Every structure is written in C-alpha cells, then in structure tokens.
Amino acid sequence: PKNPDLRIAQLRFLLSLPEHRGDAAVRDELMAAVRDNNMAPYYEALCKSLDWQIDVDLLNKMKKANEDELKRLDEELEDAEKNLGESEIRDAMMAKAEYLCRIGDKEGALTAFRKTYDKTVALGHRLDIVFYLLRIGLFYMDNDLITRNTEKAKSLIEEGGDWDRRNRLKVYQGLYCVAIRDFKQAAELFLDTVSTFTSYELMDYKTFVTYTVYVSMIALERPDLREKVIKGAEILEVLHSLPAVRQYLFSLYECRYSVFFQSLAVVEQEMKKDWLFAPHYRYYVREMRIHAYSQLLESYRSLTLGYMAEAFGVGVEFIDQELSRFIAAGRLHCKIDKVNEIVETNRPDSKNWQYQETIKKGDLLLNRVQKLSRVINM
Amino acid sequence: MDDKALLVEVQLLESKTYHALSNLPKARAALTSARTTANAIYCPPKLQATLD
Amino acid sequence: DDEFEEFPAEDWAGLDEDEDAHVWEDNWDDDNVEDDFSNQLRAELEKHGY
Numbered sequence: 012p013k014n015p016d017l018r019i020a021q022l023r024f025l026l027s028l029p030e031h032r033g034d035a036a037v038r039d040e041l042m043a044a045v046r047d048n049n050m051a052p053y054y055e056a057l058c059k060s061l062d063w064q065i066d067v068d069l070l071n072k073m074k075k076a077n078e079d080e081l082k083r084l085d086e087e088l089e090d091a092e093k094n095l096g097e098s099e100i101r102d103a104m105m106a107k108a109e110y111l112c113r114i115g116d117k118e119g120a121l122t123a124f125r126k127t128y129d130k131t132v133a134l135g136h137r138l139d140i141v142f143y144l145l146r147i148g149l150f151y152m153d154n155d156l157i158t159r160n161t162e163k164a165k166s167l168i169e170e171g172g173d174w175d176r177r178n179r180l181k182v183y184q185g186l187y188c189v190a191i192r193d194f195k196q197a198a199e200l201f202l203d204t205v206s207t208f209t210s211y212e213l214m215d216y217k218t219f220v221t222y223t224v225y226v227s228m229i230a231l232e233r234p235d236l237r238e239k240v241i242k243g244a245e246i247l248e249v250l251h252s253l254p255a256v257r258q259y260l261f262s263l264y265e266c267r268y269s270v271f272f273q274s275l276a277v278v279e280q281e282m283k284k285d286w287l288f289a290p291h292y293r294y295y296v297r298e299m300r301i302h303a304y305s306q307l308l309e310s311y312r313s314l315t316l317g318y319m320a321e322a323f324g325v326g327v328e329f330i331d332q333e334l335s336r337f338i339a340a341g342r343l344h345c346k347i348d349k350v351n352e353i354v355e356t357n358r359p360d361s362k363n364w365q366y367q368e369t370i371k372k373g374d375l376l377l378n379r380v381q382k383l384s385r386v387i388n389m
Numbered sequence: 160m161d162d163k164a165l166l167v168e169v170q171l172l173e174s175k176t177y178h179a180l181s182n183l184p185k186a187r188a189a190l191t192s193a194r195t196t197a198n199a200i201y202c203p204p205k206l207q208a209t210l211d
Numbered sequence: 016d017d018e019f020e021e022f023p024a025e026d027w028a029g030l031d032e033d034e035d036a037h038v039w040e041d042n043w044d045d046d047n048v049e050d051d052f053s054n055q056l057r058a059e060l061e062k063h064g065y
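Protein chains in written order, with the deposited numbering: chain Y, 12 to 389; chain X, 160 to 211; chain e, 16 to 65.
Please keep in mind that the hints were generated in silico from the structure rather than gathered at the bench.
We put the CB at the ideal spot given by N, CA and C, even for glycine.
Not one of these hints is a red herring.
Partner residues aside, some chain X positions facing chain Y, computed with beta carbon under 8 Å: (1) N182; (2) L183; (3) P184.
Working from the sequences, and respecting the hints, build out all of it.
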C-alpha cells in the first residue's frame, strides 16, 4: 500500500546537519503523490516548503476532480446496494486510506474503518487498520491509537487465526525504547518472525533483517546472541546479501572494535534517516558504545588507556572522556586512572552482587510491608 | 514434470547455494528432498556420487 | 485520607502541552550534545597519521 515511509521523514524534516530538505527523495515523494493524487502530504507543503507555487494547486485541480469522482463512485456503490460484512464499504474505506489519508487525512478514514469494523466480522481488516494507522501515526506522531489497536488485536482479535501481529511490534521498536524497548521485546519478536516474514507490506526483507540485527545486538550483547542471531540461518543469508550489516555485527562479536566503531558510525548515520531516526539514534549509539566498552573491559583486570585507544579505534583522550562519562552514569563498572594510564575493573563477584541485590530487593519489600502494616491497625 | 534427473540436479544446486549462504538447515532440507527424489530414479553414478 | 490542603495543591497551569507526552522513560544522559562519530575519529587520528 504505502511502503516507502512516503519519504517524508527524509523530506525536509532532516534539515540542518542532516540537511535532507531537497533532493531526488522529493522527486520520489512527488511521483508517489501524483499517482493516486494526494493533498495530505501537501498540508505542510502548503505551509513551509513549496508553499504557494504554481504546481501546488495545478495538481490540486485534477486531484480534487479525481477524488470527487472516486468518492462519488463509492457513495453510489454504497447507497445503491446494501452489501454486508466485508463488502464494498470496506473497499470504500480502503480506498479512503489510499484516498483521504492520501488526500487529506486519516480522521475520516479512521471513522469509516470504525464503522465497517462494526459491520465486518473477520480479522484481517482490523490488522489492516492497525498498520494503516501505525504508519499514519508515524507520519503524524500517534502512538495511543497504535497501542489501542494492538491491544484489540492481541487480547481479543487473536482468538481465531494467528500469525499476524508479530511484526506490529515495529511500534515497540520505538515505544519504551531508550530504556528497555529498542531491544528485549523488540528483538524477541523480530527473532521469532525472521524465519517466516510474510509481511512485505510494511518493509522489504532486507530492511527487516537489518532492523532485527540492530535491535538484537543491543538486546543481547554476548548472552549467546550467536545461538539466534549469528548461528541463525536466514539472518546469515541476508547478511551475505548485506555486507555492511554483517561486518557491523561480526565486528562486535569477534572483538574487532577498531572496525566496529566505523561500522557503528555508519549505522548511526544511516539510522539518522529513518522512522527510527528521531526516536533513538543517539540512544542506540550510546548503548552500543557502552556495550562494546563493557565487552572489552570484561576479560580484563587493568587495561592501559593506550591499549584501549589503539585497539578500540582511536583517542586516548577520547576514550578517557567517554569512560569518564559512562562511569559517571553508573554503567560500565570500571575505575579509570590518570597519567599512570590504567583502567581497573571493579566488577563485584557473585557473592557481593548477590548481597547488594538482597539489600535492594529487601529494602523495597520492607518499605512495602512497613507501609502496609502501618495503614492497617492504625 | 516427470523428469527427475534434472530435478535432482536442480535440487542439489539449490542445496549447494543454500549451504554457500550459511543457510544450513534449509540446505539440509533441500538436500533431503533431493535424496528422496533420487531414491526413486536412475541416479547415475555421477549423480549418486555428487549427492553423497 | 488527607488532601494536604495546607500545602497549596500546585496547579499544573492549564494542563498545557508538554514536551512529547511520549511513553519514553529516559535517563540523564540523553540531553547532552554530540557531533556524530566519524568526524571525531578522523579528527583525533589524522594528527598521528590517519
């Protein structure tokens, strides 16, 4: 239906340093526009970029003509006949997404889809509206609709058939991301699906595999990710198709940090132009850095800063600053020494960490039990 | 098509490529299908040797 | 249950539009400034030979 993110994120929403404000991407968006003529991408285009040019209404004329003709056709087919369930009405709303979603908006289409959902019985229509409006709320920054539709599908709709919702975790790539959800869950369903994709509507297979690798290597640093993302068959095959992603993954796995950072810079930049850009490109490149640092610091007791810089890319002072910032944040258990130029790891053994966790969890439980006891018996 | 010797050739080639892509389980599945479809056909000594 | 009216229940103005209204539990480190990666790397090794 509407695959290429409508080029709108890369379009003039990536100005300044990314600078993406006019290029062949605008051409691609405009050809996707003129075919099935649309004015909805022209809202902001009626405001800031190509505000009041000749084409702005020179397309609007036959666009309005075509949409009026097709809406008239749908209204005639809806009033003349009385088709029930999955019917010409659902055709009217699916067009209305191919239309007013790409004429003016989702609101009319959301209403029409709600109506036909009240009228229909089968489930793929509900998944259709889920992904329709997930992408629409990626155009207009909507998440409550996505989670409402996801709950409707998973909790209630998924009692007949199955095998569909999994990829609609794409929202979970960007829901709780900068703490827990750019990974963990977003990887455990990408992995569970990479064998059986069957959802080419949202994204091609290669892009899906890149997303899966990206989220899995932040979900799993070396907790035997290899059992699922390196020994994985389909992932390996598509990586044979994608040299850059394969190098970026195996560099981290094979402790080739010098090239892992160059791969991570490339990932950051190519990630800064996506539906995934605005949410967490900064966060992802911080987390992967911390992950690689912890991987190197593990299996070491005291590392010379020079050895780090020569083996971790560059920047003795750069590495000093980064380690300082990351230890200050509480992650990356290690203590950095100055001009002696040593970095000492202070990872507590199992017993000491166990005692600390006992203290923490028991303090939580004790505060809870104290509160409970005091509100009872006055 | 009733032709199977060429079918076995194609299945073996598919398994070879699948192995070359590190897609080992799917390569094994294609090889098993080739073996099944060859245990019912002439399978000349070259094809048998190649399959083994 | 006490409503603690002795402390004025500080009204959140007019429930004005927030920053994001996102679901996005973040940390203290997400608010700093950064300048990509590769620039740093070349800028710190061409002094020694890159």
